[PDB]
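Just one chain is shown here, as structure tokens, and it is the form deposited without the ligand.
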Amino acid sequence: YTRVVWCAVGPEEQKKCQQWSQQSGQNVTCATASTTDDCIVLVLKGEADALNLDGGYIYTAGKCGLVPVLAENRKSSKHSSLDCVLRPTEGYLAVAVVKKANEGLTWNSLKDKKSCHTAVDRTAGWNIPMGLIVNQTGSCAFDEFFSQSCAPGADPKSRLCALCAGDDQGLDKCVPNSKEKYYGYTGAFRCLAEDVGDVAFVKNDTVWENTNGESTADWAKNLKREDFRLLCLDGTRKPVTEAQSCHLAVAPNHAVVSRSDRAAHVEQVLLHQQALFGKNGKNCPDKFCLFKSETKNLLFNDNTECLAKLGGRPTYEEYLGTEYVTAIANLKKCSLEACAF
């Protein structure tokens, strides 16, 4: 064993990472960067080993040679004999969510509305909806489709950032890390809940986890699922209990990536760290829970039951799936070979 150097994105992940490192007796230590892209560069340079990534960022890391190691696995819909670590992953449902009270907004009337996105380059947040929209409109001018948005990672003076709010101080508007008030699944959903945006592009789970008292957080504690609808590609609106019939795509789960040459070591260490700090882990909750952060999804989604071994030593293309990979390649033609770095 060597120590594994985790890469934390922004200061709130970094703080979580430091508690993990303390509790692991330095089996894990922490590098931190301002953006996911910057953490991927640290890993490429060998200044960090690994981080957990959305599928759109796996595409970026993968084009640069990093490889998937273990995947987030959340509670299966169906009972399984299989241990979590062995259970195959089931993707998550990317959806578009609006206020029920915003009547008559549908997928087909999104143009010139206000949008909330988890971040540029992320799956449910970006790649799926904007790939869909570019294709449906026949235009690469996706930066002109909504009147204003919060899409963290975009140009802070552009309309794609006009709705983002920055941190407590109002600084770091539109930065793609949890300091941006509207960053990520929970930030984009809060962007909708507070009626900053007309639509949020998130996943099905986000809606459930932040409504009907599932979150105690001040902005979320009062929210009721019935006040929300999903937008279906057929132009219909459904209640959020129907995401299986009204989603934009099924996404590949967030997964850990590292360099090939560190993958087996990163895997071993993680399997052991989750035995200690994961769901039901020997030292969670008394000491530290790797998969909790007060709904802030820091390092890992809060709904992760375990990190699960992958079948078939998949390359990043195999992990993401050919179709998703081709959807991303297609969209990036708007703004098929090389590492972006």
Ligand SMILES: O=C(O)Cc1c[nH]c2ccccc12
Given for the second form:
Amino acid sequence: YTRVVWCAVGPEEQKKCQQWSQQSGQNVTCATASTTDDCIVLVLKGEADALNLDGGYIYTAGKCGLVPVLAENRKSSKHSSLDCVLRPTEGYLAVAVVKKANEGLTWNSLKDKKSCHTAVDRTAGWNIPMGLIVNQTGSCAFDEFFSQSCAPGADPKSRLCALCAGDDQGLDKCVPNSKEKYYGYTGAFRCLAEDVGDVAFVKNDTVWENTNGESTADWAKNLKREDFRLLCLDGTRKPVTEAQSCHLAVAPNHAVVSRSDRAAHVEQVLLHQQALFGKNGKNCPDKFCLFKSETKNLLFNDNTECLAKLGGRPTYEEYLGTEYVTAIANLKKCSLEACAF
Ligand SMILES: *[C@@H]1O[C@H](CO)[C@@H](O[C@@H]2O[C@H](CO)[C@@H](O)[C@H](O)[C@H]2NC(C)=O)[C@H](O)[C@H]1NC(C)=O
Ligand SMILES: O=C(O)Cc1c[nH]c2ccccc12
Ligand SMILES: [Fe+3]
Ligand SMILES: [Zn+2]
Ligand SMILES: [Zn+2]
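What would the structure be for the form deposited with the ligand bound, given that what you showed me was the form deposited without the ligand?
Next comes the full complex, this chain leading.
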């Protein structure tokens, strides 16, 4: 009766979803697609109920009538009088990161460098950076700005995919899911960290979580914060402790979307599910933790304290906010009123 079907993007998210399915006694079951767009389509058709989405994809979904239900909330110091579910979301900081050893590389000398993006169409990895670049460049030729990138979801044979490495067999180069090595917040940072690219467009937290022994991953275990720098828009370079004053934009938190006709039901199940598997849920860490996966951010970002309700029942434009929505529209005219499917 009250059963929810989650959409997992790619083989690893399917594996996590299945565990979750099992531990929930089929209160949640799983559907799989190779890309976030495919999962959006599955939701429209009614074959899936929900997935957690980056702001860039909430924009897509939004045009097709899908709606934000619940947002991720991470560790905060302000709003400490309030419980997590009821506490408003801050927004994450979009940053540009570089090696310190790579002296003299600033925001103004990025043309023809090698870039690492989370995936085409994501907030911190794509829409913020390339929105700014098109702006400053007065040109829609963003495919020709960098010498080489890894931008999962771009044409595998374009220079936007040249730096992507596919999976362990080298198959699936540039797929916009975690089979791709340099995919997402951790993939894009790893891409910089191994000096495949010169710059990585991630969020503030990605640097903190994958340096100073925070990640046990073989590529990251020796990584040290002092070896990185943030590129500011004013042409300067700051340590990674200055994010508050050296970021490209503040971004709306990843959120769970569903078809409006399903939103109420999806919300109800999710709140009960996190009671069970959230930050101090009954069965976490004993049996299963919804917000854990070894720094792989599967289904959810690993730093999610809880999923929060949304005051003022916002629409998707209200949720993303006007400044962000205009930026995406302006960028989309480079390559108005219609669902993309
Ligand atoms: C950058 O992200 C980090 C990590 O998400 C933020 O810092 C942490 O914040 C909480 C509360 O302030 C602390 O209790 C944690 O222990 C911190 N984590 C780590 C790993 O240092 C930081 O606030 C963010 N900064 C900006 C500018 O957004
Ligand atoms: O809560 C968020 O993270 C997103 C958000 C909702 N309304 C906004 C208005 C301006 C900027 C960001 C947001
Ligand atoms: Fe994001
Ligand atoms: Zn700012
Ligand atoms: Zn409203």
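Positions refer to the first chain, counted from 1. Only residues modelled in both forms are compared. Only the largest set of C-alpha atoms that superpose within 1.5 Å between the two forms is called the rigid core.
Lining up the core between the two forms shows that one residue from 260, 80, 245, 77 moves its Cα 2 Å or more, and that residue is 77. Core-superposed comparison between the two forms: residue 323 shows a Cα shift of 1.0 Å.
Core-based superposition between the two forms puts the Cα shift at residue 227 at 0.2 Å. Shifted region between the two forms (3+ consecutive residues, every CA moving 2 Å or more on the core fit): 77-79 alone.
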